[PDB]
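Visitor: The residues making up each chain are set out below.
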Amino acid sequence: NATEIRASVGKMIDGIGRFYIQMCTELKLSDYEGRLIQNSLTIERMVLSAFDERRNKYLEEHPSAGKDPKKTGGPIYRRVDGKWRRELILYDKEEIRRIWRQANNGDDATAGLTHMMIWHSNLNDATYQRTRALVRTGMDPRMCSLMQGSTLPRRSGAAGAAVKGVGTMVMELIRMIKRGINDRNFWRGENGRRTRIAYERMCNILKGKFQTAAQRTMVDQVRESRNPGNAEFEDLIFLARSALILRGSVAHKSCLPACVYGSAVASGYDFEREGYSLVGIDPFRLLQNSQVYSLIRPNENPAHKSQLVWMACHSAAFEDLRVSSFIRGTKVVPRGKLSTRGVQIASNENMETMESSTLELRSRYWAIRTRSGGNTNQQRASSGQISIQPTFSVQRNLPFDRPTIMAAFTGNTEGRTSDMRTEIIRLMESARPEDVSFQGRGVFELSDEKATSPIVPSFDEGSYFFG
Amino acid sequence: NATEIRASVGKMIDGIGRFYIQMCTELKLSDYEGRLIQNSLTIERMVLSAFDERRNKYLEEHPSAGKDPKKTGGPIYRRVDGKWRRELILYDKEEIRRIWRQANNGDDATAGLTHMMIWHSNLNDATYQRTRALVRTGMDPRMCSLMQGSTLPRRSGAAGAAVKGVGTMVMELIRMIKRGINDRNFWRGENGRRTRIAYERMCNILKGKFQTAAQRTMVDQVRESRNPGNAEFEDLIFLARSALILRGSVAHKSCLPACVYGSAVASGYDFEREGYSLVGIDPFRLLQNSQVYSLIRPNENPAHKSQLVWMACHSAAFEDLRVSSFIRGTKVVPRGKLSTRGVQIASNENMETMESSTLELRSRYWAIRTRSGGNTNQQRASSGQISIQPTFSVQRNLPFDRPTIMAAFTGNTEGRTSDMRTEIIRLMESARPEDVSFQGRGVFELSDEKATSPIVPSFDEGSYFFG
Amino acid sequence: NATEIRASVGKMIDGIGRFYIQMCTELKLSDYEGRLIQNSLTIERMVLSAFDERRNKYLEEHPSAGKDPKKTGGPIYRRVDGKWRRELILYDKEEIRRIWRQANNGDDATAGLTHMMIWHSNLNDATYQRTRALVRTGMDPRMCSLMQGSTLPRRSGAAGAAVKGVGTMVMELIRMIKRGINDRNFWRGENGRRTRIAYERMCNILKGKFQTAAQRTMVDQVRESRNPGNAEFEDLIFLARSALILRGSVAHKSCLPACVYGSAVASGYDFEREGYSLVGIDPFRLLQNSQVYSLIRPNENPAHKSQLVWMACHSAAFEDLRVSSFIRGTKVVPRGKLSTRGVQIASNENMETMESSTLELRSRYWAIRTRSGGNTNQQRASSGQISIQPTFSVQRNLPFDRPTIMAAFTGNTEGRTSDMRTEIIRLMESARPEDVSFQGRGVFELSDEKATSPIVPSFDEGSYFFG
Amino acid sequence: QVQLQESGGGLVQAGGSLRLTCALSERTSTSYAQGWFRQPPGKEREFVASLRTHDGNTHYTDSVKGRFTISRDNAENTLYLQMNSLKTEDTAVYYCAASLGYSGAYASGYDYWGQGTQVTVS
Amino acid sequence: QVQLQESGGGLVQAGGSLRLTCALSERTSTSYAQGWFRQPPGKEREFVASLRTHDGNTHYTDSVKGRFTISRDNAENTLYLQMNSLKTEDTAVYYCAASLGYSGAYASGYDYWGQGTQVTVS
Amino acid sequence: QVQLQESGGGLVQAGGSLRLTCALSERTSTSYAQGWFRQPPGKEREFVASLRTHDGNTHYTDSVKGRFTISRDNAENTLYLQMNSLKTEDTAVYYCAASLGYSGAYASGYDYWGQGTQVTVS
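Protein sequences appear in the order of chains A, A', A'', K, K' and K''. A prime marks a further copy of an entry chain. The first sequence maps to residues 21 to 480, 484 to 490 in PDB author numbering. The second sequence maps to residues 21 to 480, 484 to 490 in PDB author numbering. The third sequence maps to residues 21 to 480, 484 to 490 in PDB author numbering. Numbers in PDB author numbering are just positions in the fourth sequence, counted from 1, shifted up by 1. Numbers in PDB author numbering are just positions in the fifth sequence, counted from 1, shifted up by 1. Numbers in PDB author numbering are just positions in the sixth sequence, counted from 1, shifted up by 1.
The hints are simulated quantities; they were obtained by calculation from the structure and are not laboratory data. A portion of the hints provided could be inaccurate.
As the list claims (entries may be wrong) - Calculated cross-link-like contacts (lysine-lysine; reagent style BS3-like; alpha-carbon spacing at most 30 Å):
hint	chain 1	residue 1	chain 2	residue 2
1	K	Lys44	A'	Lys357
2	A	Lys470	A	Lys31
3	K'	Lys66	A	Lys103
4	K'	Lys44	A	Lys357
5	A'	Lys48	A'	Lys91
As the list claims (entries may be wrong) - Take a look, some chain A' residues computed to stay more than 12 Å from chain A by CB distance:
hint	residue
6	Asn21
7	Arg75
8	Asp128
9	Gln168
10	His272
11	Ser367
12	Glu469
13	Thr472
In this text, a Cβ means the ideal position worked out from N, Cα and C, and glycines have one as well.
Working from the sequences, and respecting the hints, build out all of it.
Guide: Following this line, the structure appears as structure tokens:
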């Protein structure tokens, strides 16, 4: 029964929509300024900052030197005549709270909040690869493929925890193991008893990501440590590096900016009755009739801006550039050749040279967003003996399966997880780059609502979005 | 001078023999029922349970709910007319004690007890590969080749400790390291001071098993730990896995059921004067004129039963199936194709369908049972320098033995045993499955008492008894 | 400006020279006995023992059973008629102190003392490979290439610390880590606070030796340990073994015995005005007009003695035998074929068979002594992603750079330095024995004062001085 | 000291009948079971029939079910194998087996044997 | 509902001059900017000129600097492209573009287009 | 400034005898030892005899033991090499060596040399 959850998601999107319309009225924005994605980012950020009860509770008692805690704000980009003018606006957090509740039938409706947070995620992942956090946390800058949802707060519920990657969970746990190595934070203090439950929970999510037995059991051996040290540190890093080949199940949900949902609701679309699903065709559909602008710096390429926002809308930040180009019809260029910077406009840029342009968020085909991490297919699990212990003194060779035994000694370690390491390594030795996953799955035409006819593409350039 | 020890072993076997005759009189068994190997197992088990002073001392103060500690018992399989009837018998432990002493000139004569224990061992090793104990203890189920004497108690003296394998010693030490990781059992308590001597002793036996220097020195580095943890755990497991290629010296003694010795003594054979040796031809000889029956389930193959009992009598549970087939003349089939279960009959099986058959315990040839673990032949031990430290600024290549240096980095570890690991790995890299051991040693005809003419066989199926 | 330091070194050498002349007068040695290198070793040893304030301060309160602490001594080899006679002489330490000061304008002038210590070093390195210290300290006897300055005291300043090798620093730190594993020497006691500064200093010198980033950062991770254990032990050993391929910057200074400088000063050479440099041609020059004798045992080859002393004068103890043979013009034979023992004559040898011979310390060409350790040229440092996290469910292969990822798992470890180990291993995989270093650098004729025309040699036997 | 003499074999035609007789030694007359095996040309020895003594139950192979009937004589120590509806597949050499404790298909469980009697069914 | 009709193209000779005219729809008359692109034979569409409205600034490509001048009519909604010192390189198809917010070289920033008018300069 | 002039060489036949003389410079007359080396055709320079001064001991090679006798003159500074039972193996060039401290087989230990005198024993 998909109509129930489809109707719930639809009600969420309608909440965000009516909310964004009401907000566009509160500011009194033109039809163009309301479709500018920058102002949409400012609005969404204001809503997430207003409902940020942990941040507000930690900012009331200890205020940031910037501004009073009761008020949140952000730059709104307005255009009179032809000139762009950026104005800094401030609104009470309680006011934005009230407007959000009124737009969602009076409920808190945190689901839409987490939706906008995941949208912020996909945009941030598609915009910046955080090499600084990876080198400071002790990880490889070449592991950004696993860094989905790094900007997400741990406050995001199961909906936000599902979209995170293996590397994000590894990093988040590594901050906890590395924090407890300086002082006794795992101590018997109430902070320690609660932090142990946080740690075990995050270990369970990381265990849920992996789809091979060895990885899961290794995570189980990491969680057994009452006081994790450098050993569990290097263990979690080992798991993360294993997630490059033996990948984990990471959810991908197509989350759009609030101006798209708002323009759809303003046009009369009722998402409760019609239904909506992030993994279905609907987002693609909504993007084909979507009219969204974006501010553009002087020498930037508006097509590259459109590609950046497009990748942000389908979580394809770490996808194969070939298959993304096949979905969109136009070439999806890697980040190194993108003649653009972040969609966000800096606080020091002058609006005298700033312009705007239409965003080409359309795609030729469409495809089902997946939760899987591909085909991992290995479990020899032989229980047969492999060496001979001789009893009689007879001239013969003493047989043994040399490949298996000798392969059991590579990657050994003087810790409880040693075995698993070996197995993981062994499993990673069986996988090759050309191992095809998603057998039979293809792309579909936009007029194909029910995925009746797939299109399996044949590929000849580079596949990595980052260098 | 072999006549002394030959006469001692002969006196042991005569003790077991006269004892089994006296016992067959106490029960009043027919000549057929006394040659049934099941009843022999019941008798031997009763004797070992009676002289089990640690078990009886731990069962008098804390009784098992089953039966009173002063009495031991077991099922005796009797056959009237044509029907088999299984009766449960109970006898006082002191009575069996007295009968054993009377059969062995009034002495305790624990040597025969340990002999029957080793017979129970070879039968149990040939019948079950304990995958459960290997996975629970943290070992590989594919290491049963090293699991000789797993069922043996640690109470068995040097005679029983010699027949144990490397994997059995590793597992027995692993229970001790893993027990001390939960509580302070190595503490200053008298239990700890005694347990340290047990631990050092077992480490010395394990050191005696290995026949390569690196393995021995690594065991020495493991024993240095006053409080062993996970490091010594993974170390001992590493040694066990190394014992698959660089095998250790494990003794193999041909131990027969008490009904064979008893039927030989009843026929008038005097083993003190004639002599007996477990490694010599004598067991084979005694099996050629041995008439032994065994209960058989309906659909079982009596030939496979005969093969199971035959492998039990020569410790060839983990031998090359090719060479065992060459010794016996008939094909020794692996456990997977054995149309049989354990020789022991379960407590819930009905005797209405149970039958019996003769055991073909004869062999075409015979061979000397060995204590060695094959040819391990590596000690480069070069002391020459391998890198050049340049002094003059001249255009040249800076030579270094790349294979040796680069091979010294594989299998490294952050513990005291690191080096040895590497060396062991390196040594295991030199050995190949076709490396022939026991050069010049062959099999002999049964009419060849003094091993004058060997027969070196040439082999073409599978060699592993377990899968 | 090289004239300043050249003049300072010249003043040092003149100090040693005038001192050795004055000493040859104090003993009243003939022109032959003063040029015997053995007596020179005795003299230099007396001077170093006199100025040994830590040894004298530890020997006054606790005297060695041999002799009184105020007096140092050594064997002087005198020859009347034709017979050699060895006499044991004793002189006050304060007297030798006074004579040294008087020879160096009244100053302590420890620079010359450290010079003679480095000469003793190069001789000892060229004479003995200390396999005993390497096996007792836990190192490989095949690492003597890194053992420059093992006999040097840690008292030697930066001048002596620069000539030490990576293996010497590793061993010296290993004595400190291994000393603190028995008792609490790193404890809060003043000994511990001072010893921590010694440890950090030596770690910084070892860091200065390496010329690759990974090695340096690994040393940094070793120094972070407040209480080093077996982990830091195996780490330092790992660094030492890495110094065989990825070598470190080790200084090499041509230090001559005091009889050479003394004979040059006695001939009228003024080294302050003319200048002197250990890395320059001057030592070679001074050796071409040097007339030095050496005692020789009966069956010894005087040419091999000359080769030993020659290697001692240019630190070429661990050099390529090919290039040393090219510098000297005659074949530099490895230690195994040297028909000689140490230059030092034992205390139990009879002088009735002892003779002497001239030392051929000349060379065909000359070359600049270097501080570098060759060409280490690797820093890929790619920040590009290497795995694909799929979002759409489409039939395709999930690409990944298998060589890089799989190579990142070799040599892993459960400690903070794991990563670096891997990288070091990876770097060592790129280097090959035929990798040419010192591109364009060649040897020069003796009449070439300013290194105008180099001679790059072409090589066809063995290159290792030790086996 | 051969323990079982077997007779009655010969040459018949398809659809006919034959009766094989196995004289039993005194050791064999009082045994757990006695049966009949056949050896076809170029094939291993296969099971035919088996008769237990203390109770009268018998075991037959699938090829001869209904056609064959292994019987025993009362007041004499003689084994009988009644062979009706004879077929070319029955052409073999028939051995008489007896076991001290096994009544079963496998040849291995029987401890005494005869020397055959030919049955050729042309 | 094509939004821009362009005219004035044809056939001239090198060194001559031409004047392209672009009729502007009511949506297009009041827009952020409007420009001119050219498509040479077998080449991708390249930029020529761009005229902003609120201020009068213009952008030109390096090939036509000085020679071309993009102007606009007052009291009428018509765009003009003055083409002087015409060269063989100028042979292309000239499209009229207009953008709701972009005044720039890239073709992507303009949201409405015409159907060309040929300029062949033989 | 050559330090040793050697003479007495020439051409003899097998079984004959010869006497080589080495004039000694004043530096060489008072030295630790002086000896005789030979260079066969196409072979390296090999040892023949050695005479020490302070005591009179001598060293000989195995090929000339008994046949040769290295002597020294009293009241003159002249070295002598007495060569009896001459053989074809003795054909070589004979150099006069002297060492400030070495009395030994190796050529390396001697610090002054002559220019040879031929001995051909045909």
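Visitor: Which of the stated hints cannot be reconciled with the structure, identified by number in ascending sequence?
Guide: 9, 10
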